[PDB]
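Only one chain is given next, in structure tokens, and it is the form solved without pyrroloquinoline quinone (PQQ).
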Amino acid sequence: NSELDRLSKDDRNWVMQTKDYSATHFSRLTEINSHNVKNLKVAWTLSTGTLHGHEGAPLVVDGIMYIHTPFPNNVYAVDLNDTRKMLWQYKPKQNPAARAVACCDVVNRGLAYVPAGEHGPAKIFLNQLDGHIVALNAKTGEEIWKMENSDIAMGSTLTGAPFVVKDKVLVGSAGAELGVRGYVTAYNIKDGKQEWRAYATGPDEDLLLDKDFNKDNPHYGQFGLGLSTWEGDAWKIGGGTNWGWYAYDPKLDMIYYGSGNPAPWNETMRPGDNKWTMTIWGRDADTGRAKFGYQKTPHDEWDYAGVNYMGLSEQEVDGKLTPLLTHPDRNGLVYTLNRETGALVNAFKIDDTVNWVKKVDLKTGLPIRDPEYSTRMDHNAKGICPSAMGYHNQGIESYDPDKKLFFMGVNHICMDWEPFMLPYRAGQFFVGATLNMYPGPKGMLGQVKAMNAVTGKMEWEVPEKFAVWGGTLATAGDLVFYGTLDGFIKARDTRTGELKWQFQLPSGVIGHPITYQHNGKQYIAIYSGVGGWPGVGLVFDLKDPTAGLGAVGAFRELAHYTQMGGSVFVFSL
């Protein structure tokens, strides 16, 4: 959408969760900088009125801040000239049974926005846990249209944010832990009409492939693989849901996202490559037809769900300036591909302790597996890094184009794993593995790292007591801001990693910071409200270390530092 793209370039706005179609999470604002951030104070605050994990962050457009919650996914609008009043509210009525098919808390990654419109007025889009895509009038909160994307009776929910591209809004999927076969859908923003729907497994017509699919890298695989890499009809329940983030290159008119893990977690029940789960896609915007598809994790054994963010940049590769995507996967590799051809440029370990894979051979594109860290029936596999929580999860990260560095919140979590046999019944969980998690070999649960994604050169690395889950915001002030699960917002100098500021929020953070200018002043805003997968033990009062899909044991200390919460904090000088 060219007008949304133009609004994203204005520092008064934060128009999409990823900030802009490149997912830079980088602000050119410098009022707040490495030399004065120690004086940052709380300016004002809001309560969201819910508990549970608060993922994503607010949007700001045309002087209005938009806030969203976890289930029941309430939405509200605040005029930034009158911060105490809610301009409008939208309060969905959803079946409470939606909560029972959410594996890892009732999180929602947030709103999208489109400006007015041949279509006509400016709209806010909300994905509800219960599977509905909702278009609201951005100024009044009036419900314009609402469509059913996903059915909770099949264990199929929504948790990823909508994504606006031209006259379409894209809606993902969720429920791979319940055998949901993944699909992404484009709806027309005017009337909610479904334009196209691309599945992650099964016959080629369902996958929605370009005639020239993977022409540039035929060794990735081309046609028939969404059937031929499964045994029989196991693809029908085969996972590949897309609940993370997208990027878009308007010049190529291509959308990029990752499909999630295959189902069940028990690898022995689904022999084959399981394509096209775990895949980095480049799809044409109008038609949804994939121009490339790279499978990062063939035949997944570890739930390295391939949904993490895609950060676009333009960098030199062997002296030639190249359009790229960079993608820190759950599997502990950082992928950089040519975002026009899909060619692999690099795939390096985000931390050297990753052990499921020895290395990725860049010519074949294949990860060379270490059978010592495989999983399989009738074996308890021990010491695999990463755990299923990943060395990177759902946090949107940030890119400083002047330094050519990505800044990432990283997890340091390892696991034991043993599968078990179980039947598929629609609407029931379909996991089939028992996990125990714990800190990786360096001994802590989190890190923040700065890296060059072409060379793999780490500029700096620092430990964090817990996994850094919510992603990052970087600025021309030479700062990277992030929240921690234990309930801080922090700012570090981007040249060195040095900690310059910290503030104690009410609750842990699982979303990202934003920044924007309003009436000539810079603000930083963030949600506080712990939950999601690391917070499942404290949110649901669980005590068995293997509960919460193995997260409970690893995160058992978190409840010593934070309670649930639900608030927005806004800071300024």
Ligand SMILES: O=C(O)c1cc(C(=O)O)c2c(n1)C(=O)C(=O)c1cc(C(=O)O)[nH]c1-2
Second form
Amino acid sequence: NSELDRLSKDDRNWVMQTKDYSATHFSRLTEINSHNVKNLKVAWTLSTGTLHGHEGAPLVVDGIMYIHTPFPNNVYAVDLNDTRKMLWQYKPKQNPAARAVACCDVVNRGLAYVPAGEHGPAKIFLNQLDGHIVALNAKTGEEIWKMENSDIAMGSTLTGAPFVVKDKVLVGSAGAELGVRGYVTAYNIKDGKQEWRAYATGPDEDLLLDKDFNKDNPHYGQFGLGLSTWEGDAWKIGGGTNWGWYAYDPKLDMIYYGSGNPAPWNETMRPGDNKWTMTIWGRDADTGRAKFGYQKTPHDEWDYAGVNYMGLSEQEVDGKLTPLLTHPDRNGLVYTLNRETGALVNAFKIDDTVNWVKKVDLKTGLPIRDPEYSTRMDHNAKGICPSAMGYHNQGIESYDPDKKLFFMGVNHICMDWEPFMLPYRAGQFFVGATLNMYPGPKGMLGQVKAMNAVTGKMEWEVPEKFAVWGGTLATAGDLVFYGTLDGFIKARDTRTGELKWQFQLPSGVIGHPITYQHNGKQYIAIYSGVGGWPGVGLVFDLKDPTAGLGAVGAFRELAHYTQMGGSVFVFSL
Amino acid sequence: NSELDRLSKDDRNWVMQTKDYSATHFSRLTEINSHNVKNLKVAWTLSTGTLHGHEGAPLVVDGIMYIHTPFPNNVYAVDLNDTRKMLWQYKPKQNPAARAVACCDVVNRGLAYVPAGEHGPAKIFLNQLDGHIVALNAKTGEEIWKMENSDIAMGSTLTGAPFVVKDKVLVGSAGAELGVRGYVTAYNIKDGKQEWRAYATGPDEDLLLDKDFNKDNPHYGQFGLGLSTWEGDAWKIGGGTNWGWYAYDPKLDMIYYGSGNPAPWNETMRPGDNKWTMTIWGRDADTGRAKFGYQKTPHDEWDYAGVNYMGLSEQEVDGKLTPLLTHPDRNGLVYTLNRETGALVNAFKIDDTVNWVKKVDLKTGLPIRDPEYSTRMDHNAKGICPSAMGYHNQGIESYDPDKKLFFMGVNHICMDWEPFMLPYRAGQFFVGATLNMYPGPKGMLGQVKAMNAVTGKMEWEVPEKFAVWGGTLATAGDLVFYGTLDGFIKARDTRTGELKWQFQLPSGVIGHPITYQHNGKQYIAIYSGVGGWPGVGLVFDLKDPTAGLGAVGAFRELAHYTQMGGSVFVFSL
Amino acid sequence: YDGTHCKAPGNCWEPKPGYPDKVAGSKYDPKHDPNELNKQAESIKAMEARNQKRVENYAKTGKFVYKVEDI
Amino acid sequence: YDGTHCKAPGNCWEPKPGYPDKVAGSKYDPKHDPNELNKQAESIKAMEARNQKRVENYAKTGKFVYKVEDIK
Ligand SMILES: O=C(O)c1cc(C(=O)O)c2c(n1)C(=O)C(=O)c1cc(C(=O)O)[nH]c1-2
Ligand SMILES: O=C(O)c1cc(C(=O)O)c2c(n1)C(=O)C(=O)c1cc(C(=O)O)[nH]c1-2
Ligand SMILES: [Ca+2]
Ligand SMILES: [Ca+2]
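Follow the form solved without pyrroloquinoline quinone (PQQ) with the form deposited with pyrroloquinoline quinone (PQQ) bound, if you could.
Below, the chain from earlier opens the complete complex, with every other chain and molecule after it.
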């Protein structure tokens, strides 16, 4: 959507969760910098009126902030000239049973927006937990249309944010822990009419492939693999949901995103490479046809769900300027690909302690597995790095084009893992593994790192008490902002990683900060309201260290620092 | 408790909800003042982990802040040298049914504290919604003892803060809307052993009267009136619960507090003065025996529950310095009495629009009624001022001894009222009246006022969009601080009422601000989390204007500004 | 009824125009059930009795116990 | 199983030492009910049918209606 793209270049706006189509999460605003950020103070705050995990972040379009909420996913609009008053609201009626088929808290990653409009007036888009994609009037809050995407009876929900491209809105999927077979769907913004729908497993027509699929990298594999990498009809419940983020290149007219983990977690119950789970996709916008697809983790054994964000950039590869995508996976590897051909440019460990793979052979594209850290029936694998939470999760990260550095919030969590046999029944959980999680070899749970994605050169690395979950925001003031699970927002110098400012929020942060300028002054905003997977112990009052899919034990001390909350904080000089 | 009294008198502590035994809510601290409050900023915040209304405010003793919470009334202790970490916690297990028998949101008005002495370690006291009084170790949060005060099966709960005097802790009562006969109880703090219990109605032995009860004003009434001002056994279920605040004069060894409204609201069902509901009590500390008792609202017809705070001061009455209590009742009158003899000194309207009463006759102490604004069966009374929410409610107000001025948050609400017949059933509501509320003759719902309690002279008056519900804090910096229902904390100049400062909190405020010095620096703290009676509409999602005991209608617009929340905000320079 | 005419000190109630002196047997008879009226008093007796066992136990053993069946 | 030995492009899975090539009829036969496997896709077709009913109604009348039993 060219008009949406143009709107994102206005520093008054923050028009999508990823800030822009390249998902840079970078602002050129320099009013707030390393030199004065010590003087940063709270300007105003809003309560969301709910608890549990608050992921994503507000949108700002036309001097109007848009706020979303975990289940039941309430939506509020605020006039930035009257921050106390609620301009409009939308309060969904959803079957509360939806709560029961969410693996890792009832989080929701936020609103999308499209301007007017041959389709016509500007619209806010919301994915509800109960599986609906809803279109609202951006100005009035009136419900324009509402469609069924996912069925909670099948254990299928929505948590990932909708994504606007041209006159279409893409809706992902969730529930691989309940054996949901992944699929992404494009709806016409005017009608709600389904245009195309691509699955992550099965026959080639369901995958929605182009005739030239992976013609530039035929060793990635091409046709029939959605079937032939499974035994029998195993693919019908074979995971590959996509509940993460998208990227878009208008010149190439291509959408980028990753598909999730195979089902179940019990690898012995699904022999084969399990394509096309764990795959980096490059699909044509209008038809949804995949031009390339690269499987990062063939035959997943660790729940390294390949859904993390897609950061586009243009950098030199052997002296040649190249359109790229950079993508830090759960498996602990940072992938950089040519976003035109899908060619592997680099794949390096985000942290050297990653041990499920020795290295990725860039020529064959294959990750060389270390059998010592595999998983299998009748065995309890110990000391696997990363754990199922990964060395990186759902946080959107940031890119400074002048430094050519990606700034990321990192997890340092490892695990024990043993599978067990289980049946599949539509509507029931279909995990099939018992986990125990704990800090990685360096003793800490969190890190923040700055890196060149082409070389893998770490410019700096710092520790954090807990995993940095919510992503980052970088600015031309030489600062990177992020929230922590124990309830801080922090600013570090992007050259050195030095801490330059921090404020104690009410609750932990699992979303990203945003920035915008309103009436000539720069602002920083963030959600405070801990939850998500690291907070399942705290949120649902769990005791057993292997509960919450193994997360409870790892994050036992989190509740020593933070309760649940739900608020929007806004800072300024 | 002489030690508790002393602690209340250095400004590093906030040892009781009322700050000190005279409920001055006045601080000598001047670091923050009218000339620099412009620069006040947020220092740090905490999330409470719950929603619904947050009444009362934290305590600060010996470098520790103590936090409390609406149902299930969680308690947290926080070291002021480490504001991110929670020192200890107490998470009560209560019967969820307790929610069902709370009239006006599941609020709780706070912790009390006693120092170590002979009983012996220092203790934190908590009243739970489910009718338990609990004693906690102030340093470790360990449960020391726990007693049953009130039975929720009878519609009897607890919402008022415990009150420590000498080696006893006072526990009130709640549930007059459910036909609960009021009683206050003194427990020994070492043991939890009941020392005495005084009822608000019935035989004189149950009322705990001294042999010289009202000897200074026998025209108030004396003996037998707890029975003879009722018809038959109607006193057995006749209200008078006390869920408000207390005051204490160590020199006279007397406790002061007001008993609440009679039941039912249907006045026709309970002919008689209904003593001793609606009464200013002066009781002996050790024995609980009343020296005086003045009924403010004989035969209540409006639910003017007489439980509001008592503020002790010493001012000249006709040239002679006199020990006083000042008391802004729900009925819209401000009572000032001699706190030794119980003699009535003055009783002026807090706003001239009060119409249920023409005037109080100071020599007889009787309120001369205006029949035009009475209530009665088979009549719908229109335009009564104040409404049942009163021109003043549960907020603890403040007193500047230098200026001889009280500073109060005021309500400007009026009502329609028709009663209806209904049976009494233990465990069921026992209200029997339909109400509709609206703003008073002046278009506003709220006010802030400064007044001389002896003369009645208004110093200044300013409007407020909503009722000012949470009380006030005044300081020697010439500032009065308060919170608003639409979600602000505000500071005004005490000499003029000029607005000096304002910050947008996440959610509305129904408790008071506190201030304290920690490590040489002055802080301001307050709860943010709307609820209580004014918030019942948005909290429980009601639409019918007469629902929420007639609050929903008048406060329909409240949700336009604020959602529920739950957090502590701390400000500093 | 203006609140000023008093049978006795502290007792000034009067019926309103058209209303009775006593509601017993009138149109506005509350007709209270004696058994329901007694339930608060009995409930309170039980609470005080359980509390007493908690105190006597606590004084005797030096260790507090809330549940009376464990005492 | 190091992931390197590929029977075809994109197909490099091998069983681990001591584990079967096919799980059918083995220790670890998942033994899935075909009827349970097919429920996801059956549910999606139902949704797409209700969705198309909502679209065509929105197109003809110009007023959106979610409840299909209220659609002519
Ligand atoms: O397979 C799935 O469908 C699915 C869904 C979700 C979700 O809905 O948030 C998560 C995951 N997987 C997952 O693997 C994971 O680690 C995770 C973390 C979170 C969170 O709240 O931060 N969601 C999810
Ligand atoms: O007589 C009673 O038992 C009783 C209890 C309470 C309560 O529990 O807070 C209130 C009242 N009455 C009352 O009359 C009233 O206006 C009121 C306001 C509030 C509040 O939290 O805002 N509670 C109560
Ligand atoms: Ca997953
Ligand atoms: Ca009441």
